[PDB]
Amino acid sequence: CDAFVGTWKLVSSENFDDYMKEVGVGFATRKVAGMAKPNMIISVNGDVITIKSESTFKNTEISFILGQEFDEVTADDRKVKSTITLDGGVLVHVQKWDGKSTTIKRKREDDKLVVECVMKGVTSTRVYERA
(Lines of atoms letter the chains of each structure in order from A and count residues from 1; the text may use other names and numbers.)
(Lines give C-alpha, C1' and ligand atoms only; values in the text may rest on other atoms or scores of the structure.)
Protein backbone atom coordinates (compact mmCIF):
# COMPACT_ATOMS: atom_id res chain seq x y z
CA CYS A 1 0.00 0.00 0.00
CA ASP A 2 3.00 2.46 -0.48
CA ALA A 3 1.02 4.87 -2.68
CA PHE A 4 -1.65 5.23 -0.02
CA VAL A 5 0.72 6.01 2.83
CA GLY A 6 0.79 9.57 4.07
CA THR A 7 -1.39 12.35 5.36
CA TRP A 8 -4.32 13.40 3.20
CA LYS A 9 -6.79 16.28 3.53
CA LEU A 10 -10.41 16.29 2.29
CA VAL A 11 -10.87 18.72 -0.57
CA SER A 12 -14.30 17.87 -2.00
CA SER A 13 -17.38 15.78 -1.28
CA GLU A 14 -20.42 14.80 -3.29
CA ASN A 15 -23.58 13.07 -2.15
CA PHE A 16 -22.28 12.38 1.35
CA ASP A 17 -25.50 13.46 3.07
CA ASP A 18 -27.47 11.14 0.78
CA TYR A 19 -25.03 8.26 1.48
CA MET A 20 -25.38 8.85 5.23
CA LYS A 21 -29.20 8.86 4.94
CA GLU A 22 -29.08 5.55 3.04
CA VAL A 23 -26.83 4.12 5.81
CA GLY A 24 -29.37 5.27 8.44
CA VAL A 25 -27.44 8.13 10.08
CA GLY A 26 -29.73 10.50 11.99
CA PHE A 27 -30.22 14.20 11.34
CA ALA A 28 -27.93 15.75 13.91
CA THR A 29 -25.08 13.41 13.21
CA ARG A 30 -25.43 13.98 9.49
CA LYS A 31 -25.31 17.72 9.88
CA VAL A 32 -22.19 17.77 12.08
CA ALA A 33 -20.44 14.97 10.25
CA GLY A 34 -21.17 16.55 6.91
CA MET A 35 -19.38 19.75 7.91
CA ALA A 36 -16.12 18.02 8.78
CA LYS A 37 -13.02 18.36 6.61
CA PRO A 38 -11.04 15.42 7.95
CA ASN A 39 -7.50 14.43 7.45
CA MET A 40 -6.87 10.80 6.73
CA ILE A 41 -3.54 9.36 7.86
CA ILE A 42 -2.52 6.02 6.36
CA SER A 43 0.48 4.06 7.53
CA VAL A 44 1.85 0.57 7.16
CA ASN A 45 4.02 -1.44 9.56
CA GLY A 46 4.63 -4.95 8.23
CA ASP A 47 1.30 -6.52 7.43
CA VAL A 48 -0.60 -4.05 9.62
CA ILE A 49 -2.28 -1.11 7.92
CA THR A 50 -3.57 1.81 9.99
CA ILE A 51 -6.11 4.36 8.73
CA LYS A 52 -6.77 7.28 11.09
CA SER A 53 -9.27 10.01 10.50
CA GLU A 54 -8.90 13.22 12.39
CA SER A 55 -11.68 15.72 12.30
CA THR A 56 -13.57 18.16 14.36
CA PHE A 57 -16.46 15.67 14.36
CA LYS A 58 -15.16 12.26 15.52
CA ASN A 59 -11.55 11.05 15.40
CA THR A 60 -11.25 7.40 14.40
CA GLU A 61 -8.48 4.84 13.95
CA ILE A 62 -8.54 1.32 12.50
CA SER A 63 -5.64 -1.12 12.25
CA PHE A 64 -6.04 -4.31 10.25
CA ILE A 65 -4.50 -7.05 8.16
CA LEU A 66 -5.83 -7.46 4.62
CA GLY A 67 -8.47 -10.16 4.39
CA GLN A 68 -8.88 -10.51 8.15
CA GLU A 69 -12.15 -9.40 9.70
CA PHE A 70 -12.16 -6.94 12.59
CA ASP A 71 -14.43 -4.95 14.83
CA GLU A 72 -15.00 -1.33 13.98
CA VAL A 73 -17.04 1.36 15.70
CA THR A 74 -17.69 3.85 12.95
CA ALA A 75 -17.73 7.60 13.36
CA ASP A 76 -21.57 7.54 13.40
CA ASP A 77 -21.48 4.87 16.12
CA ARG A 78 -22.38 1.75 14.19
CA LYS A 79 -20.78 -1.40 15.55
CA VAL A 80 -19.76 -3.16 12.37
CA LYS A 81 -17.72 -6.12 11.28
CA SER A 82 -15.19 -5.01 8.65
CA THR A 83 -13.02 -6.73 6.11
CA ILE A 84 -10.53 -4.83 3.94
CA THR A 85 -8.85 -6.32 0.87
CA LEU A 86 -6.61 -4.99 -1.88
CA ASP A 87 -8.15 -5.72 -5.25
CA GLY A 88 -6.45 -4.58 -8.34
CA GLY A 89 -4.72 -1.81 -6.48
CA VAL A 90 -7.93 -0.55 -4.75
CA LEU A 91 -8.55 -0.89 -0.99
CA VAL A 92 -12.02 -2.38 -0.66
CA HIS A 93 -13.58 -2.03 2.81
CA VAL A 94 -16.85 -3.90 3.51
CA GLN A 95 -18.81 -3.14 6.69
CA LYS A 96 -21.55 -5.48 7.89
CA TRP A 97 -24.06 -4.66 10.68
CA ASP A 98 -27.68 -5.48 11.42
CA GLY A 99 -28.07 -7.48 8.21
CA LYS A 100 -26.88 -4.45 6.20
CA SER A 101 -23.72 -3.83 4.19
CA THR A 102 -21.78 -0.87 2.79
CA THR A 103 -18.55 -0.75 0.82
CA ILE A 104 -15.90 1.95 0.89
CA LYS A 105 -13.29 1.94 -1.87
CA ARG A 106 -10.07 3.94 -1.64
CA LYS A 107 -7.94 4.44 -4.72
CA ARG A 108 -5.13 6.59 -5.98
CA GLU A 109 -5.99 8.74 -9.01
CA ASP A 110 -3.33 11.18 -10.18
CA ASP A 111 -2.18 13.02 -6.99
CA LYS A 112 -5.50 12.34 -5.28
CA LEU A 113 -6.87 9.70 -3.02
CA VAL A 114 -10.48 9.10 -4.01
CA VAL A 115 -12.89 7.54 -1.51
CA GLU A 116 -16.13 6.08 -2.87
CA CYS A 117 -18.79 5.10 -0.31
CA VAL A 118 -21.64 2.93 -1.62
CA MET A 119 -24.85 1.91 0.11
CA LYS A 120 -27.23 0.17 -2.19
CA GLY A 121 -27.71 2.49 -5.14
CA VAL A 122 -26.22 5.57 -3.45
CA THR A 123 -22.60 6.57 -3.96
CA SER A 124 -20.67 9.36 -2.32
CA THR A 125 -17.32 10.49 -3.69
CA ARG A 126 -14.81 12.15 -1.34
CA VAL A 127 -11.57 13.48 -2.82
CA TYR A 128 -8.41 13.90 -0.73
CA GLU A 129 -5.06 15.49 -1.60
CA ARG A 130 -1.73 15.35 0.20
CA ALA A 131 -1.56 17.57 3.23
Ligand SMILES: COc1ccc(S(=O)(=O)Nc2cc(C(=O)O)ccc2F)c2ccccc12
Contents of the next structure:
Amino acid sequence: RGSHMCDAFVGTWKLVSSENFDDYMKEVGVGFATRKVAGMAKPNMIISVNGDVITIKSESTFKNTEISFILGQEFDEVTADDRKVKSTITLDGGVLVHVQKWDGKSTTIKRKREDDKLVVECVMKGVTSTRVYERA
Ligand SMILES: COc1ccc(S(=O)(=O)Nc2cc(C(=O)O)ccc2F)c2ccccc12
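Form deposited without this ligand already given; the form solved in complex with this ligand follows:
What follows is the whole complex; the chain from before opens it.
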Protein backbone atom coordinates (compact mmCIF):
# COMPACT_ATOMS: atom_id res chain seq x y z
CA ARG A 1 0.00 0.00 0.00
CA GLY A 2 1.02 3.59 -0.64
CA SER A 3 0.96 6.66 1.55
CA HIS A 4 -2.27 8.01 2.91
CA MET A 5 -3.05 11.56 4.03
CA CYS A 6 -3.73 10.23 7.52
CA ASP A 7 -0.13 9.09 7.83
CA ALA A 8 0.34 12.70 9.03
CA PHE A 9 -0.95 11.50 12.41
CA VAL A 10 1.37 8.52 12.68
CA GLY A 11 4.03 8.61 15.35
CA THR A 12 4.73 9.01 19.05
CA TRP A 13 3.30 12.10 20.72
CA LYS A 14 3.53 13.64 24.19
CA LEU A 15 1.04 15.95 25.92
CA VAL A 16 2.44 19.44 26.41
CA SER A 17 -0.63 21.53 27.24
CA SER A 18 -4.18 21.07 28.40
CA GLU A 19 -6.79 23.81 28.69
CA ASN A 20 -10.22 23.61 30.33
CA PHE A 21 -10.11 19.81 30.57
CA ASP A 22 -11.46 19.77 34.10
CA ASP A 23 -14.63 21.65 33.08
CA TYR A 24 -14.97 19.37 30.04
CA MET A 25 -14.72 16.31 32.30
CA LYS A 26 -17.36 17.78 34.63
CA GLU A 27 -19.72 18.18 31.68
CA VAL A 28 -19.01 14.59 30.60
CA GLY A 29 -19.95 13.48 34.12
CA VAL A 30 -16.56 12.32 35.41
CA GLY A 31 -16.46 11.94 39.17
CA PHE A 32 -14.25 13.99 41.45
CA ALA A 33 -11.46 11.48 42.08
CA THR A 34 -11.16 10.40 38.47
CA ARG A 35 -11.13 14.03 37.31
CA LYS A 36 -8.31 14.84 39.69
CA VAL A 37 -6.13 11.85 38.79
CA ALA A 38 -6.92 11.98 35.06
CA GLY A 39 -6.26 15.71 34.89
CA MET A 40 -2.75 15.19 36.29
CA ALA A 41 -1.79 12.75 33.55
CA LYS A 42 0.65 13.68 30.81
CA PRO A 43 0.02 10.85 28.35
CA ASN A 44 1.95 9.73 25.36
CA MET A 45 -0.17 8.96 22.33
CA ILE A 46 1.02 6.41 19.76
CA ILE A 47 -0.77 6.46 16.40
CA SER A 48 -0.24 3.89 13.69
CA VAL A 49 -1.91 3.01 10.39
CA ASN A 50 -1.91 -0.50 8.93
CA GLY A 51 -4.06 -0.79 5.83
CA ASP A 52 -7.53 0.49 6.66
CA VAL A 53 -7.01 0.08 10.44
CA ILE A 54 -5.95 3.07 12.51
CA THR A 55 -4.67 2.35 16.01
CA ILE A 56 -4.49 5.04 18.71
CA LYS A 57 -2.74 4.03 21.96
CA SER A 58 -2.43 6.25 25.00
CA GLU A 59 0.02 5.51 27.79
CA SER A 60 0.04 7.40 31.03
CA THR A 61 0.31 7.04 34.74
CA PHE A 62 -3.50 7.15 34.90
CA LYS A 63 -4.50 4.50 32.35
CA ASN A 64 -3.24 2.76 29.27
CA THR A 65 -5.75 2.54 26.44
CA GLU A 66 -5.82 1.30 22.86
CA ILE A 67 -8.47 1.68 20.15
CA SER A 68 -8.29 0.26 16.65
CA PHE A 69 -10.87 1.26 14.08
CA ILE A 70 -11.79 1.68 10.43
CA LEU A 71 -13.01 5.12 9.39
CA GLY A 72 -16.79 5.39 9.36
CA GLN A 73 -17.33 2.05 11.16
CA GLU A 74 -18.80 2.14 14.66
CA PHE A 75 -16.95 0.36 17.45
CA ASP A 76 -17.14 -0.27 21.19
CA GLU A 77 -14.76 1.79 23.32
CA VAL A 78 -14.06 1.71 27.05
CA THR A 79 -12.68 5.15 27.73
CA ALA A 80 -9.90 6.01 30.16
CA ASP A 81 -12.51 7.29 32.62
CA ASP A 82 -14.39 3.94 32.33
CA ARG A 83 -17.33 4.93 30.18
CA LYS A 84 -18.57 2.20 27.82
CA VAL A 85 -19.28 4.16 24.65
CA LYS A 86 -20.18 3.64 21.02
CA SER A 87 -17.58 5.44 18.91
CA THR A 88 -17.40 6.39 15.24
CA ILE A 89 -14.38 8.15 13.76
CA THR A 90 -14.35 9.79 10.34
CA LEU A 91 -11.92 11.95 8.41
CA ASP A 92 -13.30 15.37 7.43
CA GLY A 93 -10.89 17.60 5.52
CA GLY A 94 -7.80 16.30 7.24
CA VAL A 95 -9.38 16.21 10.71
CA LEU A 96 -10.17 12.99 12.58
CA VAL A 97 -13.67 13.49 14.00
CA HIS A 98 -14.54 11.07 16.82
CA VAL A 99 -18.05 10.93 18.27
CA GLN A 100 -18.64 9.01 21.51
CA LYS A 101 -22.23 8.09 22.45
CA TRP A 102 -23.33 6.70 25.81
CA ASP A 103 -26.33 6.89 28.17
CA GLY A 104 -28.15 9.28 25.87
CA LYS A 105 -25.16 11.65 25.75
CA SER A 106 -22.65 12.52 23.06
CA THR A 107 -19.24 14.17 22.89
CA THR A 108 -17.03 15.01 19.90
CA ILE A 109 -13.24 14.83 19.88
CA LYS A 110 -11.34 16.30 16.94
CA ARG A 111 -7.70 15.50 16.30
CA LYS A 112 -5.75 17.50 13.79
CA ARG A 113 -2.25 18.33 12.72
CA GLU A 114 -1.16 21.93 13.16
CA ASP A 115 2.44 22.93 12.51
CA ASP A 116 4.47 20.13 14.19
CA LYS A 117 1.78 19.55 16.80
CA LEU A 118 -1.19 17.27 17.18
CA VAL A 119 -4.13 19.29 18.53
CA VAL A 120 -7.04 17.53 20.28
CA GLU A 121 -10.22 19.59 20.72
CA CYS A 122 -13.17 18.10 22.50
CA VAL A 123 -16.63 19.48 23.12
CA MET A 124 -19.48 18.49 25.46
CA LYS A 125 -22.68 20.62 25.71
CA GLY A 126 -20.89 23.84 24.81
CA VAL A 127 -17.79 23.22 26.97
CA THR A 128 -14.57 22.78 24.94
CA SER A 129 -11.10 21.68 25.93
CA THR A 130 -7.89 21.83 23.91
CA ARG A 131 -5.00 19.43 24.49
CA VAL A 132 -1.79 19.83 22.51
CA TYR A 133 0.75 17.10 21.80
CA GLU A 134 4.26 17.35 20.39
CA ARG A 135 6.49 14.70 18.85
CA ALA A 136 8.05 12.63 21.56
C1 LIG B 1 -6.51 11.20 30.74
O2 LIG B 1 -7.93 11.13 30.91
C3 LIG B 1 -8.65 10.86 29.79
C4 LIG B 1 -8.10 10.35 28.64
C5 LIG B 1 -8.88 10.11 27.51
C6 LIG B 1 -10.22 10.40 27.54
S7 LIG B 1 -11.11 10.11 26.03
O8 LIG B 1 -12.37 9.50 26.29
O9 LIG B 1 -10.24 9.40 25.13
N10 LIG B 1 -11.42 11.56 25.35
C11 LIG B 1 -10.43 12.55 25.09
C12 LIG B 1 -9.06 12.25 24.99
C13 LIG B 1 -8.15 13.29 24.81
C14 LIG B 1 -6.67 12.98 24.72
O15 LIG B 1 -6.32 11.80 24.49
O16 LIG B 1 -5.88 13.90 25.00
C17 LIG B 1 -8.59 14.60 24.74
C18 LIG B 1 -9.94 14.90 24.87
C19 LIG B 1 -10.83 13.87 25.05
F20 LIG B 1 -12.15 14.15 25.17
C21 LIG B 1 -10.84 10.96 28.70
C22 LIG B 1 -12.21 11.30 28.73
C23 LIG B 1 -12.76 11.84 29.85
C24 LIG B 1 -11.97 12.04 31.00
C25 LIG B 1 -10.63 11.76 31.00
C26 LIG B 1 -10.03 11.20 29.85
